[PDB]
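Q: Just need the whole structure built from these sequences, with the hints factored in.
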Amino acid sequence: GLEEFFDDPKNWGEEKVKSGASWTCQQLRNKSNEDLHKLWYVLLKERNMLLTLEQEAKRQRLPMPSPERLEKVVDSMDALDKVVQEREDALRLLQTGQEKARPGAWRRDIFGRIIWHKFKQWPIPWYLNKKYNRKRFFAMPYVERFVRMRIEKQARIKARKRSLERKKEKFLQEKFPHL
Amino acid sequence: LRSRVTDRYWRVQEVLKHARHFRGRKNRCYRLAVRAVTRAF
Amino acid sequence: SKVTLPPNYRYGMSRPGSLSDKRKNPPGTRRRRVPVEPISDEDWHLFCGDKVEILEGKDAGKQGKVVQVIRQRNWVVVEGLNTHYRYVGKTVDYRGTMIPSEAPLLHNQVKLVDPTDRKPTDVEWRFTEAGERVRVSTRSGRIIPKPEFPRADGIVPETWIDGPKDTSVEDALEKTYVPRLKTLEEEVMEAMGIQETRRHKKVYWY
Amino acid sequence: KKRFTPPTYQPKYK
Amino acid sequence: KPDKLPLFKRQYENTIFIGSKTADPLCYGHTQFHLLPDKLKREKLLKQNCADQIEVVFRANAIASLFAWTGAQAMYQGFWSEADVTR
Amino acid sequence: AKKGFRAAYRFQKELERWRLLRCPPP
Amino acid sequence: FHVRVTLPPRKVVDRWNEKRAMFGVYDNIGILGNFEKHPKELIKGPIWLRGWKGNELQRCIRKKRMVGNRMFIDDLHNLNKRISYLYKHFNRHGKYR
Amino acid sequence: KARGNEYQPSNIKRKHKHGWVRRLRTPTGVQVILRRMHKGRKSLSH
Amino acid sequence: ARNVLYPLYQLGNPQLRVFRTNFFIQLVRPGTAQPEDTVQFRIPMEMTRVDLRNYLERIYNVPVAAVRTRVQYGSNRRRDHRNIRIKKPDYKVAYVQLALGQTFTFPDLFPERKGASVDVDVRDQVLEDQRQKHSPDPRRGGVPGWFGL
Amino acid sequence: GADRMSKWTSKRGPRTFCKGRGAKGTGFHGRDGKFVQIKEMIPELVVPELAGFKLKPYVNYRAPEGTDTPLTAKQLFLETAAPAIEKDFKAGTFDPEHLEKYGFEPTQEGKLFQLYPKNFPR
RNA sequence: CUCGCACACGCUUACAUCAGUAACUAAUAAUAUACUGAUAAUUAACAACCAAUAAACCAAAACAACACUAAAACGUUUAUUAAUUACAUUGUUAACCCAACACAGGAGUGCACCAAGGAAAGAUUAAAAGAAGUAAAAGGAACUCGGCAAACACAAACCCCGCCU
RNA sequence: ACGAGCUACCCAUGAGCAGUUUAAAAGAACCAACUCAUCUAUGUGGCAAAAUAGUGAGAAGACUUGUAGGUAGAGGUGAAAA
RNA sequence: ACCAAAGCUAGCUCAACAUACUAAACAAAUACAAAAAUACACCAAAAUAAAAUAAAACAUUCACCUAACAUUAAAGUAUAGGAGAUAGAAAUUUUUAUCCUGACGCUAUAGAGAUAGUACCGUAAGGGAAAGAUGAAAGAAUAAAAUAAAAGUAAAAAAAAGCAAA
Ligand SMILES: [Mg+2]
Ligand SMILES: [Mg+2]
Ligand SMILES: [Mg+2]
Ligand SMILES: [Mg+2]
Ligand SMILES: [Mg+2]
Ligand SMILES: [Mg+2]
Ligand SMILES: [Mg+2]
Ligand SMILES: [Mg+2]
Ligand SMILES: [Mg+2]
Ligand SMILES: [Mg+2]
Ligand SMILES: [Mg+2]
Ligand SMILES: [Mg+2]
Ligand SMILES: [Mg+2]
Ligand SMILES: [Mg+2]
Ligand SMILES: [Mg+2]
Ligand SMILES: [Mg+2]
Ligand SMILES: [Mg+2]
Ligand SMILES: [Mg+2]
Ligand SMILES: [Mg+2]
Ligand SMILES: [Mg+2]
Ligand SMILES: [Mg+2]
Ligand SMILES: [Mg+2]
Ligand SMILES: [Mg+2]
Ligand SMILES: [Mg+2]
Ligand SMILES: [Mg+2]
Ligand SMILES: [Mg+2]
Ligand SMILES: [Mg+2]
Ligand SMILES: [Mg+2]
Ligand SMILES: [Mg+2]
Ligand SMILES: [Mg+2]
Ligand SMILES: [Mg+2]
Ligand SMILES: [Mg+2]
Ligand SMILES: [Mg+2]
Ligand SMILES: [Mg+2]
Ligand SMILES: [Mg+2]
Ligand SMILES: [Mg+2]
Ligand SMILES: [Mg+2]
Ligand SMILES: [Mg+2]
Ligand SMILES: [Mg+2]
Ligand SMILES: [Mg+2]
Ligand SMILES: [Mg+2]
Ligand SMILES: [Mg+2]
Ligand SMILES: [Mg+2]
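Protein chains in written order, with the authors' numbering: chain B2, 65 to 243; chain BU, 10 to 50; chain BY, 11 to 216; chain Bi, 38 to 51; chain Bw, 261 to 347; chain Bh, 31 to 56; chain Bn, 32 to 128; chain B7, 50 to 95; chain BX, 2 to 150; chain Be, 14 to 135.
The hints are simulated quantities; they were obtained by calculation from the structure and are not laboratory data. Yeah, the Cβ is synthetic: ideal placement off N, Cα and C, and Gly gets one too. Heads up, some of the hints might be wrong.
To be verified - For each label pair, taking beta carbons as the anchor points, the in silico distance ranges come out as:
#, chain 1, residue 1, chain 2, residue 2, range
1, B2, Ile221, Bw, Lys261, 58 to 68 Å
2, BX, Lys89, BY, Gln82, 24 to 34 Å
3, BX, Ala34, Bw, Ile323, 22 to 32 Å
A: Next up, the structure:
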């Protein structure tokens, strides 16, 4: 069962090994859950093999046979992922109605940034937790100054990006006055 | 409105033409050359 | 693979991720920006494969097929028309194979030719009654087709043979889906007959 | 007093 | 290399010791009794998909321990790499 | 860069002078 | 002192472009216009500078009074320092007393 | 006697004195972090 | 599986199951001599011993006797044109040992076709013949040999 | 002057500094000081029989793609609950109180794999 | 000619193999542990991680017999509960660190004094002055601020000031 | 604001002191490692922003030394040399 | 003849408007020694700004000086002040929409520090760089094209005597 890391021995020394197109999302929306579950392993074994061949190509200072496969396979797996995820995220929207699979809150940290804080699983409730209790979600008053600076800095950047674009238009209009 | 001197080249030549036949660095370097030319006049 | 180009970059007809390119413009090159007439992607009337007439250069009044477009610099390539000669094979004792090569053209020097009378024309995008978007000639008042062209893979779908690891059209288009409310985990675990009793104790989230 | 001036290096990139 | 066994190099005092110092009038071995440590139980090995190893572990143990013991005995009698061994 | 025609033109004259000094025209 | 070797592209300014042709058109708006709008109204510029003038100190002082609370921190700080400097300089320094 | 070897490395000392946690435990430190964030420093802290 | 949350375990919880595994693996040829018992993989940083053993046995049906791992540090020393450091990524190496007495050997993946090598030697001989054809005549002395007379 | 930029890793510190590379803990420290593995925390790969089935890692080139419709909560509601609901409202047997026959789940804490706090990795 | 092997701390791939070095690193070359590229690599038994709460214990370490004064680091057992279930995780290269340098300097511990490590001279010539050394007739402090330095000497005495380490 | 990773003094916790002489581990004696830095010569953009060669002082103690902690500038610390 | 020299772009500056004002990106990990899934707690806080400087010293005093109320006047007036330096109101007055946004601003020692808060330097707070130029095409490098003009040198050592020239 160790040979699934290698292509059929009929392929070994050959430059071009041809191959099919990667799976579209659409073709995958048609398959059941079980068949996706299987296809995931068929794709896994092949991705493994391909990576093996990759490294072994680097080792021998030789170009890899038909490198493109590795791309295709990845997309397929990736695509497959996107599908299964859909069917969960649709589903939970039905059952619970939360758009996010992980519990989380909008918080304001020490630095005054407005952060999305993901939650974490603990065996004990939050007020009994030493480590969590010593985080601070809130800002002190001094921070307010820095916040302002942030805004202003941001504003500047946007401000002179805008002015740049404007300028680029004028230049072109006198270079290409086809109007 | 920034204004820089564009023609500085010629400004220098009007000194340096009188200095051509001097010996040493006086015949090249504007600083030395200027003083030498004035002394010559 | 996506190679990220530096903000200021020149386009030399060489594929941006290639040795010709890395050799032409190494890691730290920033050259003078070449002013490019901005064209929305919806105003762009030139594709690859269509017969076009050249309005400029030493070869003018001629017609040719467009091989490749470079959109970033607004360029077309008419194979074996706009031309300058270059040696390819080289070693110390041997200069081999002088090859005619193509210099790209701006889109101002090339006009699209309508099939019927083989004249150059001014193409304008029009919407017809079928919900279709086609190029219509200003001078001749006809619609011009679009140049169906081969693809980068050199693989034509009509002539094809399935290898070992290829899935057949039949099994790929087959719909196995029964859109029911269980997840992948519940589905699979039920199908493999894996039986689980215990449930998770309460977890606190924060 | 004891007057000493520590030597100052130039930037390495040079 | 021995390294792939795995085996590891270290350095500290090298000792040849019989179970007693040289000054002891009892210089020779009779038999040794080695109790196998917990990691090496037949059950554990059977869980790790090691069948044959059950035997191997024993062998190795003997081949090490006994050798050492004998070796040390020999070197208490003054024998060594260039004196080899008479009996 | 320095912005102006003047010095550039005036220098074009110098260029021409040197050109005539190194190769005199028949 | 090296001078540029290539003639620049000769820049052609047409003086008949719209902005140049229409220049100074409504300047007499007060007189001919039965005075309603003063020519000040024509002035496009910074809010504190429209139809007003003054030496750099006065200018700065005025900018701060009008827009000083809409300013960015760095710029307000800079302005205050500029004002203090100019104050000290104009009032306590010079030849003429 | 001879000088200039004043820095004798320890990772423990380093991370206790200048580390992230140390900067965040006092309001002054937090202001240090804030300043560096403002100036856009690549490394806010050790 | 990696990059994913795992459910907190408390006493008397359900067995944790991964239905579609995230990991991936390279089978690599050893840099040093190894006993025939031993296969060597490069795995993702987050995969444990137990993980890889289960992985091999379940997906590939390989009888694993023992597994060891180490983490290889990739060099940070090489510099950019900007003099920024480039980091070759760190990775995990896994030595496994096969159970039933099964001997492995890393297969040669690039055996050369003798007809393509003979065609390469014949094209090199033809190229050397063309470069010997184009080479100037000693006795002409540099007069271009195009002109009949 | 040490190293600020390079990331902090177990390779860097003293002996006392051990920081994992991000694999997940499989157990706890027991009585003897020896480590104990909990069979439940070790991920159990669920692998189907691949042998008897026909699908491949790649697809035939002449096989068509399709119009791309992302699955929405709505389409899924229409393929599953809509036929049953319409069938039992047309029959007058529809009960707005208990929807559980259609596949709706009031609360997640009973079942093995919960959707909202998300009990399962993959 | 002799600062050697290891560990801690610290450094982070500078280590390994193959190839290259016109130029870049070496304060020159030859070539390569240090420049360039490609490819690899340190595998746990050593080390880190590795229980609480009650309760009896006045009685030093010093070869510990027994003591000294300055009164001394280091755990047994009993009870009560401690998830019990192969394989967890992490450190394992180096000629290395702190001194801007491939710096005669600074660097803890264990064992060694060689069995391990190394090379004072690129090639000449054999001027002055300079540095470091060995020897010197007769004399023996006549030198000099002072027997400073040097010596085939390596001893005795007396004051001033501070008791002493 | 930042600094006690150098140095001053502390706090925890470790580590070293061989031979000889003595009833003695006596802030005794001789003399290594170790710690200092007497006197001279080198060196003076030096090997070195305080070193090298010799020569010296202490060497079971008010001794040396590792690791981790503390005290902060209107301050600290100090067998006072500002 | 070497060393060199020339580009005009990258972007910037100052205002206008404007909605409204902590950008982008978040799968996991991030306040253990940040980026290390998982165990019974603690958690948190405020006190007038000062001085350099002006008064020719300095002692009371010394505009602005991180607190929204603008504009035209009243007015540098009333007042306040070692009655010195200086400081300084108010009552009361005036203010007509929206579009016509740009430039007698910079062009690589300039304009932002910025190709970047990066390299590098500091234990740390912190400091903080330099650097670009072919052409329609280099998928036109036996490569083609217009400056050969700074100091420095080479082509080409020197020949009594002296501010080097006149
Ligand atoms: Mg320093
Ligand atoms: Mg390990
Ligand atoms: Mg640093
Ligand atoms: Mg460590
Ligand atoms: Mg270490
Ligand atoms: Mg274990
Ligand atoms: Mg270093
Ligand atoms: Mg190497
Ligand atoms: Mg060299
Ligand atoms: Mg080692
Ligand atoms: Mg020599
Ligand atoms: Mg001599
Ligand atoms: Mg001598
Ligand atoms: Mg002598
Ligand atoms: Mg004599
Ligand atoms: Mg005398
Ligand atoms: Mg005398
Ligand atoms: Mg003496
Ligand atoms: Mg004497
Ligand atoms: Mg004597
Ligand atoms: Mg005394
Ligand atoms: Mg300390
Ligand atoms: Mg002793
Ligand atoms: Mg003593
Ligand atoms: Mg000495
Ligand atoms: Mg001597
Ligand atoms: Mg000595
Ligand atoms: Mg002594
Ligand atoms: Mg003594
Ligand atoms: Mg401390
Ligand atoms: Mg004072
Ligand atoms: Mg004090
Ligand atoms: Mg005193
Ligand atoms: Mg004063
Ligand atoms: Mg004055
Ligand atoms: Mg004064
Ligand atoms: Mg004040
Ligand atoms: Mg009064
Ligand atoms: Mg007065
Ligand atoms: Mg600049
Ligand atoms: Mg700058
Ligand atoms: Mg010259
Ligand atoms: Mg004369």
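Q: Going back to the hint list, which numbers does this structure go against?
A: Violated hints: none at all, because every hint is consistent with the structure.
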